Each structure stands twice: as structure tokens, then as C-alpha cells.
Amino acid sequence: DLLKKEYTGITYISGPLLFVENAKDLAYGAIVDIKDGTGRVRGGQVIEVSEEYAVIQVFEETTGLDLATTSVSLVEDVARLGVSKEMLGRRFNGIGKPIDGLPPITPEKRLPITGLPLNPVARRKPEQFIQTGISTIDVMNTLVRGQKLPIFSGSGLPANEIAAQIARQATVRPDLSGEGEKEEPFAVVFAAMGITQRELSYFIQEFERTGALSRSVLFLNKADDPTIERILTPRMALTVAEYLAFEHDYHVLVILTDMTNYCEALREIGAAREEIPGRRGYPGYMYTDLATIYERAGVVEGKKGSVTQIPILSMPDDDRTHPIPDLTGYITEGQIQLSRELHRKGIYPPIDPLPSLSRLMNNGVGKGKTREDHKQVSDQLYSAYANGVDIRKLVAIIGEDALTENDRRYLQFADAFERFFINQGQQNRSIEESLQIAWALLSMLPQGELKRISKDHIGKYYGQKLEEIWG
Amino acid sequence: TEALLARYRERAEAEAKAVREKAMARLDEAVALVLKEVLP
Amino acid sequence: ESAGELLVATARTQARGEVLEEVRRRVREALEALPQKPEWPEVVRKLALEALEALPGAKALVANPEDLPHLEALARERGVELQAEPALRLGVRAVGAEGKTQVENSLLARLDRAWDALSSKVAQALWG
Amino acid sequence: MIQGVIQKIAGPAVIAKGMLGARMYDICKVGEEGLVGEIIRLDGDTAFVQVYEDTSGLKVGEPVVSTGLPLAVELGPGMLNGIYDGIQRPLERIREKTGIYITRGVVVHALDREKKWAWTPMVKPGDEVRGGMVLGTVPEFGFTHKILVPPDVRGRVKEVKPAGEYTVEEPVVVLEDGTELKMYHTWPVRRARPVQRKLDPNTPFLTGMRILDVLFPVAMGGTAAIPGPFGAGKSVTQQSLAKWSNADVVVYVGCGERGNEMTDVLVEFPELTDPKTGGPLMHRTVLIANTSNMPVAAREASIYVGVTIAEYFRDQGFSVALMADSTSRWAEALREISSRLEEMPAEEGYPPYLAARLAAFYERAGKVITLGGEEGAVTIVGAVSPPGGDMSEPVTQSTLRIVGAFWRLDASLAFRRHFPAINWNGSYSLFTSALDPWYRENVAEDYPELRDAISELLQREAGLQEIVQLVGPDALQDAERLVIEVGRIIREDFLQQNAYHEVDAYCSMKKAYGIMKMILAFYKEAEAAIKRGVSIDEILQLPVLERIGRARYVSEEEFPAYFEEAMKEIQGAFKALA
Amino acid sequence: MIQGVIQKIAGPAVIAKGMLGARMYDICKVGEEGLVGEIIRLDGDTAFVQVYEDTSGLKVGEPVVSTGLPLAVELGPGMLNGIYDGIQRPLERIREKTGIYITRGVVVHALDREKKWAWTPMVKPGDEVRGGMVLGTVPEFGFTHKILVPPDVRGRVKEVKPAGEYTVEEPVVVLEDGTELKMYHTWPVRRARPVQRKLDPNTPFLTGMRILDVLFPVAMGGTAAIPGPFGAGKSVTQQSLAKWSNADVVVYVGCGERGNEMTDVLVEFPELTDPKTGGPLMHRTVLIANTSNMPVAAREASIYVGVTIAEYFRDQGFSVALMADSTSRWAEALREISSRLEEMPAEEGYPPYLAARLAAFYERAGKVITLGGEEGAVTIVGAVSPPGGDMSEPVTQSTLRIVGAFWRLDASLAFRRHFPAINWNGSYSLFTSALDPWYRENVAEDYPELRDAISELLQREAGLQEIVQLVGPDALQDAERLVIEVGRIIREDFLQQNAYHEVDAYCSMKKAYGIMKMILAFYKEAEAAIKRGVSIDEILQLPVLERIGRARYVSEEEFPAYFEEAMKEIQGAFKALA
Ligand SMILES: Nc1ncnc2c1ncn2[C@@H]1O[C@H](COP(=O)(O)OP(=O)(O)OP(O)(O)=S)[C@@H](O)[C@H]1O
Ligand SMILES: Nc1ncnc2c1ncn2[C@@H]1O[C@H](COP(=O)(O)OP(=O)(O)O)[C@@H](O)[C@H]1O
Ligand SMILES: [Mg+2]
Ligand SMILES: [Mg+2]
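Chains as they are written, first to last, in the entry's author numbering: chain F, 2 to 472; chain K, 81 to 120; chain L, 61 to 188; chain A, 1 to 578; chain C, 1 to 578.
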């Protein structure tokens, strides 16, 4: 604890691994300092310990290490991070070291970065509606407070722009829910794994423009930074988020800008260990490793704070069946999938609702929360859009001029839907405005075709035209 | 307008001076505590 | 409008960090004066005992040549070899039986190892 | 009691040394914290232990102690209305003892030792008793919890305690041999509880879902599988089964899935009502929750604990429904353990014995005659999570060969927000033939004929869909277009079922039978009109189609009048036009 | 120095025993020939050396000497107008010393040690200097080569050479610390050169090709990828960028490709003219040539040497365009090295860290503020060679996640010889929105509007082409046929560009803007004519169409008059018709 137990005799250095022998006192998962003959000190974590030798994964690159002068010393038996409320306006690298030039955080507590699983009894049901300002999210894939809603995107798709828009536009609607807390805006914990300078600059510029940096905690592991620090970056970010939310009543929104880089680092570590792989070479424990990150969000009974996670990942060949998006969808509570065909049409945000999903949507919508017709309108929109897509597929073969009247009506609905409901640009839409637009689109269809909406709601809202929403 | 900016920077320097003055009171106490804790 | 409160927060954080750095350098200066203390043999013997009990079966003990005579009796009692090295100015280092595992108990090492844990207490004593 | 020390630590795997005499699959105390572990390889003087808790912070040389017993659960009063982890630890006690976070090393009994139960003996001293006999009865939540003899205990009753309040640790019955029988007993989770006989399943497991109860029924003692990609809705269907099934006791196992589902079950179930008892729904439900971020090795333990609890409740004469929320997570846990074991994997990295484990788990269900001579059954509905929806993955294929029912989910239906989203073409059930007499006796003498007519109509629609996608729907003849439209009407009005609707969430057999009869009558009369020269487009706009579509939203008690007036409207709307 | 003997030889990999004390990624002289190798793994008393030269004929027991330094490049005057191998050895000197064949073991200095340079100082005795600060300037080929302090060197200037001609070995500046600073310094190829700050790129990298400079622009500090099958036109595009771009310095890395391409460059570039300086084109170009038949391990070294040289020229304030003619060859070299290491491969046999290496290489680009206070930028255009045109292969997918532009080539266009064969449907650029303020001030205020109109017309043509192909062009409306004809005109007159034509090879922004303005004006006039009963077939016979088609062959200095006359003729061809 107070004395520096120091180990020499490195026996094997290759890639991200480092073998040291006679290291019996190094506990499993402990953090160590690796000092070479130059005197520069690297970082490392024990991933396997035996009576003969201990296996240590190196965070920084192994350049300069030699088996004669390299030395390994223990730091702490458990990987802990010093958290405090003063982090709310600071920037840190992938391993939690400050990079903004300010002095290091004085730690009120030292929490383990791995964290502990939330007791299901201690959890409470997430039911607070968050108005993101996006019609395809608020109406059809509603995001509630404490939800895990990743954004499934591609290479050139504007996932970062959508995330910034959500971060700067997210707000609860206590008036609609009959509440008057008027809670202060979200605290943002931004974790970057292998982010490029372009995306990082865009995010920083957006946060400076919106003034959200004063209440943002930034963990930035850039693309030129060591790849192994991506193992610790989400752990530290979520440790800070959980600490803030569940010890200071903050409403924390967490953005993981690229989980594909995290999965690549995990695959590299697993392949260095000759672990039995899953699909496409990823380690078999990748599901559990991703779960230990995702399941750290939610709302706890008896506590006002909350943690909302919006991870971002890029399906490599726009492949939804890739192991990373598949495991993420199996763990998280839905997904917001971006559409490249919609993006090529100039539609922003390019969110196609058909593969998108929100598992906790029904908890935060309905009478007394947003509006009585919300769920039925969402279902009707989904059915009508699916019908329009099917008619598009049909006219792709049999020709457009051979259709009936209702098929043409469904094609018109799908076209106007994509042009107006999905395509909204950078404007912020209230839930009432989005519902009005959705009803205007649904009015393009005959009253008898709205089988999924109750008669009362149809009588109350059906009739408005698209040209009546805006001049 | 930058009058609010001038007020903010004046407040910042005033708070820095105040926190330094407050820290000057218990500097020796903190040093003694550090020496007591570090020494076996 | 927000840039002003960023300036205020950065100024307060910088002042607090500078105060903590002043505390750290002052305690380092106070700690470096321990060789002139009459109880310096006592404290070096205590820390050498801690290092030896933290490293069972230590082959040799390494310390400053001026610090060497103060530990001769303890080295003879524990049956551990005693060596001198001027590089280690104010600490005691054990070589270990195999020569690979080494334990070091310098005062500066203890200070900059426990500073992270003591920062909260120092801050709460200074202001809190 | 055998001692030992840690030799190697690598994730959830700990290798001990100096453990001669340790037996396979025994429970071990790993480290000074006493973490629960299980021996899975013996190699000379070393023992390979998988730890059911996090191994972070452990050091080489810490003691390892073998309890000498396999993983066992405490079976007795107190399991109902509670939630347990993979090792059968009460999560309420863990919460009140350690806070909002689950800390490792917590020790707490599965059954509360403080609560007192109203003992009502029904055996007398001098009576010879065999394993599985009912010593007495205890009220728990309106259920009559029978105190059973352990399955491997024989003797004659020497003394029996009088009726009154006692704890589960009190020796209520003492035999002439001196053995003391308490209100609870332990049982290894990996050993199936013995039964006198296994009966042929003749009664259906009513799930409350029209498609599952009609087209692909599962018997009371049968086994069903519901695989699908993420977002298809298998968890929602399993929750609906837990809410609406006619099983006496429901055992829900959250094997390696989202904890918010367990939270939703914990919060919403107490506010619901038992469909048969009338009390709270949670009073008949036992939860074994092992969330995704909980230790991997605990998933298999949770599955076996759930199946053992289901078997125990079956031994009391109850009809038990067991839902494993995901068996693919158990397979992944086995794969990770094998990867730590450094053994040669089977296809897709799973250990070779995965199929054997799945078969052993699924074959513990069935309608049986208990050791006490009573009747009981266990129904297992296991969900599967194939990677990327690939049904060819080993877990799904191995499940195909052992289950009697297969409720395949389609991602295309889920995308259209059409639920339960059961892929009719890819689904099947082997219990249809055996359940026909029950349907005739309890639903209608012509129910199998209507079900077969519906199935034939769906088959005809499927066989016309290729022509539809080849030349379009308008290119078909009036009869074929009528068949297509009747299939669409069936899909929209009978197969479709909103689990969140206040009325459509549940549907009895009578309501489904009435809807099927209405659809068949409408189809026959529409075909007669088609032969009569009536065009299909005015048939598709008849007012009675609204009645047919809205029939599923009518309440159960109001339904029969609606059904008879709908039949009258169906016959009138075709006879009157002529 | 640490020295040992060879223990094992297996392809390009040599294991040397007795290397206790050797550091990772240090340069080692393997064998009596002194072959250059790099340590990539340490184990006990042995080291794993990756040899950058041919290992045939080596024997076990030959000495291995570790230099104690990583792979470093000499950065200074003399690199321009030259060609280097993978490890920065002048191929001209190698030819002069060995002949027409490249033999292993040749030791030659990267910079000529005998050439005199007109040194002129800028610092004075007593001045304070830091890393990246300019000491003085040296004329090389009209370029002002600034002598930079090494990034890690800091001190106070004591002595400065007055003036005159000195070799690169002469110490021009001596600090008070005793450090001697020469005209050159060594920098490790694997460490990115530090910068003061990174700026958002807001100036287009004018490649000279219409489609790349208009539809998918790349900024000055941006990164672009151009993958495609063989024969698609990657090398031609790279050479066109080298010849016609507005970069101050061009660095071309021939990683594992044909030698004939390097010969073509070395022959043609001296005869060409620099578009900016006006001197010989080769004076601004640096070639790092590692042909496919050269040692495979040297490809990675060539890539790193090229990127480090580009960064060094950036640090002097120049705008550098770096082209990696094929990064797939570097990926294959990494795969071979990993195979020798017996590491566990990722998908398709590549090492799991290939994505990390590609990200590190591509992140070294960007517009930055140099340590000397000057502004510089590095543009990286990396070509990828997916097997069989499969864009799903790991290298292309890893490159896609980092680069800001994606210039996808199509084999179908190359077979028809529609060049540059950029697939505008699958291509994208993330710099289009950032460059709009520059376009509105430097080419035209309505240039983004015209570009968007052209892109929309292309999208409409692509959408209607499927219908035309499936049904037939005679079944479409007149307006749809006009859209198809305008799309064809765009494809064959504006997107197409002959790189071997003496005029069409380079196209300024003004010329492309004029061409697309003429196309849009013709489209509007044809729409107006069709809306007033004019037949489309009459429109297609206008000679104005031929004028527009041949507009792209008009020289830059003649172009404005041709544009004015063609606009007048566009108006007249429909006003005279009335
Ligand atoms: N822009 C262009 N203009 C005219 N001809 C072109 C153009 N691009 C390609 N070509 C022709 O296509 C041939 C092949 O082009 P390359 O650039 O060599 O293809 P490549 O894909 O770069 O080579 P590999 O095999 O993939 S390394 C050239 O020799 C030209 O004849
Ligand atoms: N029968 C149903 N009725 C209504 N919604 C359903 C039904 N089945 C599934 N869903 C919807 O499907 C979505 C995902 O369901 P869920 O079961 O949680 O996913 P998964 O089964 O893959 O774990 C939710 O939005 C839920 O409302
Ligand atoms: Mg689920
Ligand atoms: Mg080429």
C-alpha cells in the first residue's frame, strides 16, 4: 500500500502482452507500472497470475522495453478511478489522466472501474419520457430516461451529427407528465474510443457552441492513441456517470462514440491470449464484456439520478448480422438504425424506422405521460410505412401504372413520410408537432384503413393536411 | 456586450485570491498532517 | 455568456492545484530534512523492518552508506546481507532471494504514492 | 473437508493445488472471501474450479476449501413470491444487506429461517413412510404447500410435532431410525427428481395467445422453443405466458438477459391478478434472475436451479410452467468456460457436450405421477437467441430435435410491428393429434376441423404468394385473390394479438374458436358469391369485415352475443344481396 | 552494443539468441552482410528480428548486432527530386554502386554527404530555441528548405556558422548545452511528429479531376481512400493527383506494386512542369519505391518512411500530398509477419491489430500549426486493392472507418473504359459541407447550388435507368427520356476525363463550373421546349449538344470565350426555334 514492491525479470514481451515471473503478490486484475531503462513509466493490468509467472497487458506501446532493464511495480490491487464532482468541466485521456492542462482531480472517492452489477430489486422501471426533438425517435422509437438506445450506423453515415443533435436537444416534459421538478439539463459523459481528429473536433465545436462543456466529462482516446486504453475508457466513463447519477442526483447522458473500436481492441487482446473465438474471430466472452458496460445504465429506486446510454457503433459492411451489432442488440434496449439509402436521398436524420426499435417505449408513452394516441399512431405509421415499402417492391417488378388506387395512396404516403417526417434537418420538433405531422401523414389514407387506431382518436385528430402544419 | 465578461473575470480573480488566502491559514496544519501520515 | 463561468471555474481549479502543489513541495522539503533528526536511525530502521517483513527471505539489504551503520544490528539479527549504494539517498531497498523481486521504502516514494489518497484530506483541512 | 491453495487465476477460472480427494462438480470456497466455486477438472494434485462470483482482486496462495457436496437448493416453503440469483440467494436480502449493488461473498439462506409456518400434520406415529409422501401441509399464499419426504428417505414415523407455528429448521417429523425430517430438504440441481411414472400428455398448456394455443399448441407436459433475432419479441411472449398461463406455479429463469426485464416483472406482477387463484400474480411466480453483467458461470447454475424448483413444485401435484428466458446465453457461458478449459470445441466453438446438456435439461419436463401418487407436470418454454438470426447455429438445431413445439419468430413481421410475429411457415407442433379429444370435449366438437381448415387456408395463401410476387396480386383470378384476402384477414384479425392491450392481451379458447368460425363462414359465403358472379372488390368493402376485425377487441364475457350477431350479419350480408 | 548469434531462420524472420538487453523495435544488423532488421518480440535470451531484406543463404550462428535505435529517417535537404527504397536508401546510388540488380546489404546514406548547400542563418548567439523552430533556410530547387530544430531539442544558441556553403554533416548551430545541430536530424518512423495544434481543414485539395474535385471533394488536411479491383484506375488517379494537384510537395509511396510505374514516373516527371512553381515536376516529388518483388517486410517500412517524410515537409510550412499507391500490400506484409510469429489471425488471416496500424497511419494527416508557428497540412490518399473487388474485406472496411472521403471505383465502368470510373452512387465525401465557404468565394457564389443540381440529376437518372432497362426506353415519358439523356450527357462530357489527353488531363474549378453550368442551362432549355410541344428527338440533334460534349477538350486559357459562345448558342438553339 505504502511501499513499492518492484519486479524485474521480464521473460516475454510481444504485442500487447508482457510476462513477468515470480510475481506471486500481484493480484488478478491489479494495475502495475512498467518502467524501462529510459525511465518512462507505462501502464498495465494483470490478466492472468500463476505461481510461475503473471501475464500483464500493456496499455501503451511496447517500444523501448527490454528484458534486462524493464521493471514492473504494483500500483493497486483493484483498478480504481478517483472520482469527484470537479470532473464536470474537465477533459481526460483514455486512462483518466487530464489532458486540458489543469491540475489532477482531487478524489473524493476511489471507485473500481469495473463496477458492480445493479441489484434487480434495487432497480426501478424507467418511465420518464425524453423529448429528443426527432420525429422518428420521439413518436416511433421513444427514448425514456435510463434507456440503452445505441445508434446503428455505417462508415459515411452522420451518426455523430445525430448524437450531437440529441445531446443538445434532449429534454423531459414534466408538464405533459404532471410534474414540476424542472430538472436542470443533462450532464454529458463523453467517451471516445479511437476517435478521429475530424469527429473529435466536430464534437468539441458542437459542445462549445451549445455551452455543454461546463457540465461534460470527456474521456478521449484518439485514433493515434494506444489501442489497449479502449479497454479502460468505457469503464472509467461509466464509473464517473454512475457516481454522479447515484451519489449526486445528476441526470447523466453517456455517449460512446465508437464501440467498434472497443470491440477491435477486445478482439486483439483475445487473439493475443489464444482465446476460443466467437464469430469472425471475436472472443467468446465479448457478449459478457459488452454487457458489463451496457448494463451499468438505468434508474435506481429511491434515487433521483439516472444514467442514459447512447452508444454509437458502425456496422462494417452495413451488416446488421455482424457480431458487434448483434451482441449490442441482444444486450441493449433497442437500437436506432441509420439507413444509407435514405442518406443518399439527402434525408437527415437518415433513420429508417422499420429496423429501429425501442423496448422501453411503452413505459414512457400513453395517457398521462405524452398523449393517449401516441402508441396507436406509432403502430399505424409502422404498418402504413411497411405497406408502402411492399408496394415499392411490387412496382419494382410489375410497373407503377398497373397499380390500384390504394397502392398508389400507400406509395404517396411512404414518399411524403420520408420527405417530411423522417427528413427534418436540424430543427427541434416538439412531441406535439411530431404527432401533428404524423396525423397529417395518416390523413392521406382513408379513415377505414386506419385499423390500428381507435375511433375516438380518429374522430379527434384525423383530417389535417400537410400544408396546414407550416406555411 | 462585454461588461458581464469583465465582471466574470473580476469575480474569477477575486475568488482565486480568496481561496489562496483561505488556504494560507491551514497550510502548516496540512503539512503536519501529511508528515504524520507519510511517516511510519 | 457561459465563457465567464468557465473562466471562474478554471481560475479556482488552478488556484487550488497551485495550493496543493505548494503543500506538496513544502512537505517534500520537510521530509528531506529527516537525516538531521536524532530519530533518523529509528525511522530508517522502522521502514527497513517494514520492507523486510514485506519481502520474506530477502537476500540482501541496500541503503545509503551513511544510512548503512544504523541498520547493521538489524541486518545481523535478521540474517540478511547488508550492502551500500549512494544512489538511494534516503531509503532502504532489499534485493530479494532470487534477485528479481525487489522492495523499496524511500520516503519520497511513500510521499508520492500516498499523495493521491491524502489529497482529499489535505483539501478538506485547507478549506473544507 | 479438503483444504488447498490457489495456483492460477484467469478470469472466472481458478486452479487449485493440493486438493486430492476432491470430487467432480463439488462446491468449493475460493479465497479467503469464500467465493462459491465448482470443480470441473481434476488433474493429479490440482483441481480446476469455476467461480460463480467475480475473481478480481484474488491472489495466488489463498486457501481453497471443498465442501464435498454438489450444488444443491433448499426446497420448501418460502420460495414463492421471491426472486433468487443463480445460486438461489434471495435478492431482497442481498439488497437490504449490501445496498443497491450486488457485492461478492454474501452468504444468506435461500429460505427465511425467521418466518413461522402453520404446520398441519397428516401422518401419525407408527406409520411407515416412503420418499415423496406428504408429511403435512402448510399455507403459503393460498396454495397448500405439502411437506414432502426426501426422495431417498425410508422409515417409520416415531414422533410428529403438533399443529402450530414452526420454522423451516424445526424437525417436524422424526423417524424410528433417528433421522429428523424438517420443512425443507436439499437436492442436487444436476440430478433429476425421481418419479413413479411419466404420463402421456392429454391436456393443453393454455398460453393465452391465439396462434400459440390454436395453430401450434403445446401440451401440459410438453416442451416448446421460441427462437428468433433480437427485437422479434420472444421476451414479451414469455412474459405474456407468465401472466396468462393456466399453470399453478410459474418459474421464470432470467438466464443471462437484461435486468430491466426482471425489474419490470418485479414491479408489474404484484399489481396483477392470478387468472385462477384471484390473488396477486406474483404469489405464484418464482424468479431466478441472473442478469447479463452477473458472473458467467452462474447462468448454468440458474438454469438448473429453475428446473429443480419446477420439479419440486411438480412433486406437490401442481402444473408448473418453466420459462428459460435464453438458453443461448447458457451455451455462450459453456463456451467461455470451455475456452478457459483449453479443450477442443465443437462447431461454432461450443463444447461437444452442449447437445447432451440441452437434452438433459429438456427431458426433465413432462406430465408424471409423483412419488406420492399424485399427478403433476412441468412445461418448459425455452427461448433461443441465434447469432444474427441464423437458425442453423448449433443451439437451435439441437433444440429442434428434442422439443415438441417450435414457435419460430420472423424478423420481417417484427419490423412491420405485427405481433406475436410467429413465422407460421417455419413453426410446427407435435401435440396437435394428442390434444384433439380435449378440444372436442372442452371447446367444441368441430374445433379440430376448423383448425385444419384455417391451416389449409394459410397453406393455400402461402402457395399462392409465389405467384403473387411473380405477376402481382391483380393478375390472379377472383377465387385466388379471395384466398389471398382471406389469408390477409386471418393474419390481421386472428393471428395478430396485442400483448399490451387491456382486452386483447388474453384470449380464451372459446373466443378464438368463435373468430375462426366467423372467418370460415365469411370465406365460404364469399366463395359462393364469387361463383355467383359477385366481384371481389365489393366483397372486400362489406361492413361485416369491420366486425370481423374488431372481434378480437371484445371482452370475454361480452363475446358470445357479439359472435352470434356477427354470424347473423355474415349470413345476411351475402344472402340479402342475391 | 548488444550482440548475439542467429538461432533460427524462417523466411523474413530471424530469431537471434544472446540478445539480452535488446529493446523492442530496435534496428539490428543480421548476419555478416549486415542486413537491416527490426525486433518485434523478446523472449528470454532470444529476440525475434523482422528482416527487411532477403534472408536466403543465411546460416545459423552468424552474428547479430543491435544498434540500440529504432527505424529512423534522415530528414533534411536532399530528399526532393530523389527516389528511395523501403528503408530510405537512394536507388540512384544503389544503381551506381551495384548495377541493374538490387543486391542486399548495400549501405548508403539517405542524404548526400558531399553536396554543398547555401546555408544562411536566422538565429543569433544567445537566442532561445525549441523543437520545430527554424534555424535557417537553404535553397534546394527554388523551394526554401528550412533547417528545423529537432522536436525534442531545447536550449540556448551559443555559436552559429556565419554563411556560405556547408555539407549536411557540418554543425551549423551549437547550443550552450554542447549539443551540435546539423542540417539534418533523425526521427523514428513509428512516432508521429508533434505539432502545436490541429486545425479544421477548410481549403480543398484540388486534384485536377472533375469528379473528385466537384462531387466528392477532399480538404487539404483530409484523408481519402480509393479502393477498386485491378484495372480500375487507382494508379492512374494517383499519378494524375501527383502531376496536377496544388500541393507544394508530393510524396509517392509505391508499396509493393509494379516497378514499371516507378520507371514511368522517373521518366515522365522530369519532362513535366510544376503547376505552381513552374519548374520541373520531379523537383517537388519524393518517391519511396518498394516493388512487389522487393522484400515483403520492407513495405511497412516504406509506408512509415513516406508518411514521416510528408510530416517533416509539413513541419516546414508546406502543403504535402501523400499517396500510398497500395495499402493492401502493407496489410499482406503484416499478415506474413504475423504468420511467421504464429499469432492468432483475425478474419481473412490478417493480424487483429491491422485496424490499429491503419488508423495510426491515417491519423498522421491533417492541417496543423507547426511547432515553429507556421501552418502546414498533409493529405493522404491511400489506394486499396480488395481481392476480387470485394469491399467487405478487412482492409477496406478498416480504412472506411477513419478516412473522410471514399472514392469507390467500379469494374463495370473500367471494362467499358468510362474513366476515371468513379462509382458516384457508392462514393461519398465528408468535406463537401466544410468547403462551401471557400467555393462561394473562389469559384462562384452559386457553385454549391449547381453541384447539388448536377447530383440530383444524376440521382434521378440512376433511378430512372432501372425502369428504362427493365421495361424499355420507348415506354418512358418525354421528361423521363430527357432526364436520361441529360444524365448520359453528364456522364460522357463532365464525369469522364482522359488522363492521357494533353488538355483534358487537368481541369480547373472554373472550367468544371462552366461545363456544368452549360449542362444545366441546356437541361432547362430542353425542359422548356418539351413543355411547349417540342419533340425530344429534335432536341437531341442540335449541334449545341456536340459543342457541350467537346467543351471539356478546350484549353484553360481559351475556355472563357468558348463558354460565353456556348451559352449564347444554348440560348439561340431554342429562341430561334421559338
Ligand atoms: N483516368 C483515366 N483516364 C484514362 N485512362 C485511364 C484512366 N484510369 C485508368 N485508365 C486506363 O486503365 C489502365 C489501368 O489503370 P491503372 O491505374 O493502372 O489500374 P490500377 O487499378 O491502378 O492498377 P492495379 O492492377 O489495380 S495496382 C491504364 O493503363 C489506362 O489505360
Ligand atoms: N405480442 C406482442 N405485442 C406487442 N408488442 C410486442 C409483442 N411481442 C413483442 N412486442 C414488442 O417487441 C419489442 C421487443 O420485444 P422483446 O421481447 O423485448 O425483444 P426480444 O424478445 O428480442 O428480447 C417491444 O417493443 C415489444 O413491445
Ligand atoms: Mg428480451
Ligand atoms: Mg495500379
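Be careful, since some hints might not be right.
[Claimed, not checked] In silico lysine-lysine, PhoX-like type, Cα no more than 25 Å apart, as pairs: (1) 110(F) x 102(K); (2) 452(F) x 568(A); (3) 36(F) x 25(F); (4) 6(F) x 98(F).
Rather than coming from a laboratory, the hints here were simulated on the basis of the structure.
Evaluation of the provided hints:
1. Only pairs whose Cα atoms come within 25 Å are accepted, and residue 110(F) paired with residue 102(K) is accepted, the gap being roughly 24 Å.
2. Taking the CA atoms of residue 452(F) and residue 568(A), the gap is near 23 Å; set against the 25 Å cutoff, the hint holds.
3. A threshold of 25 Å between alpha carbons decides the hint, and for residue 36(F) with residue 25(F) the separation of about 19 Å falls inside it, so the pair holds.
4. The hinted pair formed by residue 6(F) and residue 98(F) meets the criterion: a straight-line CA distance of about 23 Å does not exceed 25 Å.
Going down the numbered hints, you'll see the structure goes against none, and every one checks out.
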